[PDB]
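S.K.: The primary structure of each chain is shown beneath.
Number of protein chains: 2
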Amino acid sequence: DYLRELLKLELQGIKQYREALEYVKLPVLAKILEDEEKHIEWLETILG
Amino acid sequence: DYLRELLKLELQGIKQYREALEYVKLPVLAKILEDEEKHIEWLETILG
Ligand SMILES: [Mn+2]
Ligand SMILES: [Mn+2]
Ligand SMILES: [Mn+2]
Ligand SMILES: [Mn+2]
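So the sequence lines, in the order shown, correspond to chains E and H. To convert, count from 1 in the first sequence and add 3; that's this note's numbering. To convert, count from 1 in the second sequence and add 3; that's this note's numbering.
Among the hints, erroneous ones may be present.
Which copy is meant is left open, so a pair is good if it fits within one copy or across any two.
[Unchecked claim] No farther apart than 20 angstroms at their CA atoms in a straight line, the calculated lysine to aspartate or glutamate pairs in the DMTMM-like style are these:
| id | residue 1 | residue 2 |
| --- | --- | --- |
| 1 | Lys-11 | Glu-47 |
| 2 | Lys-11 | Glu-40 |
| 3 | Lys-18 | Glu-8 |
| 4 | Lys-28 | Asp-4 |
| 5 | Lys-11 | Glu-37 |
| 6 | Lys-34 | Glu-44 |
| 7 | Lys-28 | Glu-47 |
Quick caveat, the hints were computed from the structure, so don't treat them as lab data.
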């Protein structure tokens with residue numbers, strides 16, 4: 004469940020990054036988003 | 004302010020990753036943590 008909580012936070016996090024990127028085209032935000040996508044993939048993997 | 008809100012989420016998230024690493028020494032969690040610290044420094048930088 005602790006991993007599920009980290010995942011849930013990561014999922015909430017990306018929605019916020021994506022909303023900013025709807026309005027401002029800042030590459031640093033797309034860069035962070037890219038890492039968050041990987042964070043999410045690793046958590047899903049270790050959760051099975 | 005939207006950047007301050009992303010920074011807040013990142014700071015709340017880093018605390019959850021740090022607590023799990025107190026207990027389970029999973030390199031994948033430390034890999035995420037190292038990225039999050041960079042996310043935070045990037046937000047601090049662009050906020051000035
Ligand atoms: Mn909003
Ligand atoms: Mn993350
Ligand atoms: Mn706890
Ligand atoms: Mn992050």
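S.K.: If any of the earlier hints don't hold here, list their numbers in rising order.
M.R.: Violated hints: none at all, because every hint is consistent with the structure.
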